[PDB]
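The chain below stands alone and is given as structure tokens, in the form deposited without this ligand.
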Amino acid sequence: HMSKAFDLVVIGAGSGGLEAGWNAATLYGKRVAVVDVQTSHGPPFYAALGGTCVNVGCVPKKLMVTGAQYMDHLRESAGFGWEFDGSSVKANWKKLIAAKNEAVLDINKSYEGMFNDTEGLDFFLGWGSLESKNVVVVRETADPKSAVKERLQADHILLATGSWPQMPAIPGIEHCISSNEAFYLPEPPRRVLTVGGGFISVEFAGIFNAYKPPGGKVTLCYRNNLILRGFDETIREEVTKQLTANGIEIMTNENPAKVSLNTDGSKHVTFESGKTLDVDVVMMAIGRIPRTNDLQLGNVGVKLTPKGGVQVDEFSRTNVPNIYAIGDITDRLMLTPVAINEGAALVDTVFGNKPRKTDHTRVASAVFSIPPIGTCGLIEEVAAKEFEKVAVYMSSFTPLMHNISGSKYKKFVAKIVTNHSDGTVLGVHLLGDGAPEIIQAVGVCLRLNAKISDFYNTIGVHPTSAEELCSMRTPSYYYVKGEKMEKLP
């Protein structure tokens, strides 16, 4: 049996890796090989052909958040005159998971068919690692002593293996799960603790809250004082309130020290403070770390950062000339559309004679909390470190429809941060229904260097939440050489 030769070998058939591979083969006529560990979603390896987003990430979680939103819809409908037997209402978690699984498997199968069909784009099943500068080895398991299925010769090698959940080293860690397992829980937990202040802990707290059985309770804990570090502070505070208002308990300044099993099999959590909580599921969502261990990068000398990601330059090049890395393995912005952009840029540069580097600034993104967040650009405290004068335009109010729905706690927040010296929009931050959809074209505006006057001169669409962004002419407050103040001196 002979080894096979390729222009490009991609390790990991995920968001970034599939983009690079498809583009190299169909746009530039190159011969591409792509490696992944599993052909469809779920245990044992969870991620598979398609990547983390498709299998156990953005795509299934968005379907599940959509299902959870119906708890709010059924209740809010009464304000508009809808009547039905409230006592008959039930959230069938097994139906939700079965529908999600079928949707994901359909994507798996379509990717499989693309590889069966496409000239110069071949898929290989197994664990990829680096043997030498131009040879990728595919083995039966992550163990480098397992059996060799293929050796793939490669002029260019792309590392795109993504990331993996981080688990803290506490006694009883084996009694806990990550988001990987949460996507497959046979029944919805009556009592659940989600550990983390980031978007995965927050999104899953919303999902469990809607599908919990009658006696249930969702608790989210976070070791620092305020969840969702990195997001707008006003939005961090408001989303805490609105999660609380929908019945989720938020323990800040709290962190599990150990977990043990009660005699009935439930989980007994002891926090560092000495507080205790009994739950049926503990889901760790304290971070995600780049997947480098199995690549045997020592074989060729690819340098990692102190933090643990593959080091790259602006063009995704490692320190070995023909080996590149994109996506979560670079441990920067862990977002599917960033990985895709990096992949397309790398291939245009290497095979297309059109050099291009990904712009990591002013990237629009979202949190599918209930209600959701949409953001693009700098938060005000970051901007105030870089610009002498920063203005903040802010609108926050309960929309009229939620005075009828009864969910009066649902304040819509719109904030615009500027460089006041010339009006350039530095960031936009949104909380409320529709915020992920509103923010997308805001990203185009920021890439065009929009100023606040470009927003204000635009005529609103009425009635919308989005029109608040085009009705703000006077700053609410300022930062002058880093100091917050209602007025310029």
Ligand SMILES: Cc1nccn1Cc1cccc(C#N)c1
Contents of the next structure:
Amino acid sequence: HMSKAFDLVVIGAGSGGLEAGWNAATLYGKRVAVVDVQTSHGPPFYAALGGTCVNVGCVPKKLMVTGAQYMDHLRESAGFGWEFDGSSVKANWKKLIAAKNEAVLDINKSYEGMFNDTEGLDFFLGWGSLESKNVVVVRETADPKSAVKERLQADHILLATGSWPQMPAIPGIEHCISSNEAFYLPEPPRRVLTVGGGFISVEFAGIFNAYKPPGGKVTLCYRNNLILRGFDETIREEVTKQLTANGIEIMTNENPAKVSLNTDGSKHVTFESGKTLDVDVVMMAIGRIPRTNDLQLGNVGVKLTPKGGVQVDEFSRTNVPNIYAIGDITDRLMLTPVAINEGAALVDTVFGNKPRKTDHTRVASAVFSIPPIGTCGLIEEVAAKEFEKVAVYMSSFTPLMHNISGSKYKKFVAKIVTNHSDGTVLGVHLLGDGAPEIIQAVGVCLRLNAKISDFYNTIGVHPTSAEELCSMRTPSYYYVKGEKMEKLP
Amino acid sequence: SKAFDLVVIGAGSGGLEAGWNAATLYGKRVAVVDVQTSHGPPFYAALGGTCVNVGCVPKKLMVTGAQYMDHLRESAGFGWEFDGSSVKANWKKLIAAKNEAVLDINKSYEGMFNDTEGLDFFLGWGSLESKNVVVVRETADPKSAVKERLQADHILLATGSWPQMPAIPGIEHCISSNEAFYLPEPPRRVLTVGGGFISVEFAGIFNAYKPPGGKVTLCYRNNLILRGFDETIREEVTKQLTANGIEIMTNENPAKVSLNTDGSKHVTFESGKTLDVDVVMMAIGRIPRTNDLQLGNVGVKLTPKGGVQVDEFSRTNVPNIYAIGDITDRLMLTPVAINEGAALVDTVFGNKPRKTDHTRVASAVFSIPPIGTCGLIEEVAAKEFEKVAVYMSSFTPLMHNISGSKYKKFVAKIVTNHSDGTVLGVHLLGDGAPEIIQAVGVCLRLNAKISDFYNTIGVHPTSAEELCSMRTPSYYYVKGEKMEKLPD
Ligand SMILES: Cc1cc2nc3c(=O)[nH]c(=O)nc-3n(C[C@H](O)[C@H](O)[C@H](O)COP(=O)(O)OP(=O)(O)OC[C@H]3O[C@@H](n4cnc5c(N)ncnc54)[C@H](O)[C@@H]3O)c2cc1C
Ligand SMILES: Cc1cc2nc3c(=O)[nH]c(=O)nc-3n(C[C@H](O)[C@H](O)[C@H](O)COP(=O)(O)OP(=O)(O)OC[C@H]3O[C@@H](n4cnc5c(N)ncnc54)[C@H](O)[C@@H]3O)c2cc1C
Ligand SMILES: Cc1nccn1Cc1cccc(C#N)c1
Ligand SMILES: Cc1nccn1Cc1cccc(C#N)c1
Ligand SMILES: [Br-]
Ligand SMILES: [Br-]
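Can I have the other form now, the form solved in complex with this ligand, not the form deposited without this ligand?
The next block holds the full complex; its first chain is the one shown before.
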């Protein structure tokens, strides 16, 4: 065995790394190697070829939220005349997980097939780390003493290893799981606590709520007062109400202090407040941290931020020329389309003679809660710190179809935040069925510096929820040098 | 006799927007005439208009109901189990919930008239007596008892449209969409006549609520349904309706209808083919509602097609008389009528000349699955521009490989002026298409280019992100001719 040489070696065959590698090989004719620890989804390492989104992320969770939405569909169908034997209804979690596994594995195999097929784009199985500025070592395990499978020479090295769930250091943490294990639970839990106020905790609470066996209960806890920090506050409050209305118990200002096993093997959670809760599963979803430990970055001196991500400039360059980093390892916006964008921009800059930096502002994103969130741009309290005068246009109402369906608690919320001095739309925030689909073209609008008049001048599609975005002409309230008020002074 | 700044004939989408804005924004004195205070037989449309009473609002509720036939079947792929043989669709419950929702809107409009200054509602049939006088009568008969005489500085004609019925023997044994909203029972066998959105939408509604053994047939006199929409989507929606059990009869047209002894209908087509159905719903067109207005009393000119002729500011040939909405026989959409009404009042009663933009109007078809579209289809663009590019994406989404509805291909197409990348049209087929397309309408008002779409970061996982992933044209039109690659 001799070492192999490449123009670019990518560590991590995920959302950003695969985009960069495919583009460098097929668009610019470079010789590319990509390293990942596993060729298909699941234990032991959960992520695999395709990345976190494909294997234990956006793709399987969206399939599972879609399955969970049928609990609402079956019940809501009666208002429209549908009759069937309600007593016969069962939610078969094993079938859902098996269908999901097959879909994910099909993607694994297609990525595998393209590496087999594509000239100058090679896959290597193992753990990648940095030996020197131009050599990536591939070992059998994360342990730097494990056996060497390959040495990959590289003119350019891309770090794209993603992130990993954070687990708090509490007694009994070994009795708890993360989202990785949640995707493979043999049976749906009767009682489950999801710990965290972020999108992963909220989304899984909705999944477990639909598939729980008879007499089950889903509890979400969050250590601060209101879940979903960073999202629009009206939407944060409404999502809490609508989760509660669908049977999920939301414990705010509460945080686990320890977990122990009852004699029957269930989990006994004690909170810092002294409250207790018995559940069958505790899922920790308190945050995700960049995966830097195994790369041996000390060997070449790549600088990390205080937070722990790889430090990068606007062009994804580390402090070592010829070493770059994109995606969750940079510990900024942890979204699959941002990682892909960064990968494509980096490759255009390095090999394409067309420099380009990713725009991290006005990125549209979604939460697949039930019902879901779609958002793009600034929340109003952030905008009020940066702009002298901010206007907020707001529409909130239960749609007519949900006055027939029985789900009257399902208010649709649409909000537009503007710089009132010139009308520029600073942000759009949506809650309700369809919000993730509605918000995509809003992202294009904000990239084009749309003003509130551009929205209002556009003729609505009727009847839709989206048309509310094009029917708002008068602010609901304002911020004036940071101060909220119904009217301008 | 009573004096008014504005009299509106027709309390519909456009007429209510115009009257409400004239009163509450400019302080004018406004009278609005309609023939019925709430929905249903005998005149169907009523206070609120066609959309509220027998149009967008109830049909959307009914399409939503029909979608549950798909949801119940598709839930199984995600692990949901229940007694399939116990499922039945209760049409009477559907119609009853729809009726209550519409009536609530009627009452709501009633209270708004009662609560607003300078805004009065009059029940009955309005027609022009003289250039500044509107008469309200008991029936559509111009000899029926006069109820009011309204003198007006300004007159707005906003009476909408009405279903077109072909002149064939037995047309009297057919219904229109008006009656379809009130059928006592869901038809077991039904023929919907027409290729347009109303026929296609009701075909999906009847297909879900039909009793056991039932069958929906849609017929259309030409070769491919949904003329005026994207051709790829026309073919795809044809395929997906067929996959859900609807029979599409193209190049067929009823020649006569006769009554069977059991109450069903015997349809004979021009081709000689025959079909027995319980209901024949004619949905071949809608025509401007001009006949009861006595436009000859004042000389309001019509177009050859029967619309009231208007300029870009909604003015007729008679000074002080205006027309908006379906009566002008242009884009027959509720939000266009609302836009026209508002522009009119801003022009007349404010220092604000304003004309409605009828290009790049987003719209939808609530077929199952639905369509969302905005701007030009490629063969219309190919006549207006020397170089046109078409970007195309078409696949079955992952969820429908699991649901079992593998026929549900999502289609996304972007049409550009290839000379400068300007987006001319966007056309979508699939779950969510009407919601996705709304902000595309805003994009086209910022002269968005194809590069503006693909340089935008996607929201993942969605169908909509497909619009931000298309870099390379699938094919072109050059000087009007379709070709896979460019000449240069
Ligand atoms: C439960 C969940 C749901 C999510 N839902 C969404 C959503 O709806 N939308 C969205 O936009 N984002 C979502 N995300 C976020 C998205 O998954 C990430 O932002 C994205 O995958 C990050 O891409 P990346 O290229 O940084 O890394 P990843 O896609 O994580 O790829 C990194 C890869 O590196 C491999 N690797 C790690 N260390 C090594 C090593 N030393 N050697 C070799 N290989 C290594 C891993 O096996 C992995 O395959 C979700 C995340 C989670 C956890
Ligand atoms: C089945 C169906 C579905 C539709 N779905 C949609 C959809 O999803 N989206 C969409 O945008 N559009 C839809 N439309 C079209 C929409 O309904 C019309 O474009 C819109 O209602 C027209 O508004 P308008 O102001 O011209 O008149 P209308 O809203 O039709 O109002 C006309 C009113 O005038 C009254 N009137 C008539 N003659 C007289 C008279 N002589 N005196 C007094 N009053 C009179 C009538 O009672 C009626 O209330 C649909 C139409 C139909 C038939
Ligand atoms: C098919 C495709 N177009 C864009 C990205 N990809 C994904 C892909 C698949 C296999 C290897 C790589 C790398 N490296 C990337
Ligand atoms: C409240 C409202 N804003 C816009 C339209 N409308 C509806 C409405 C109701 C009753 C009378 C009229 C008139 N004329 C209009
Ligand atoms: Br199960
Ligand atoms: Br045709």
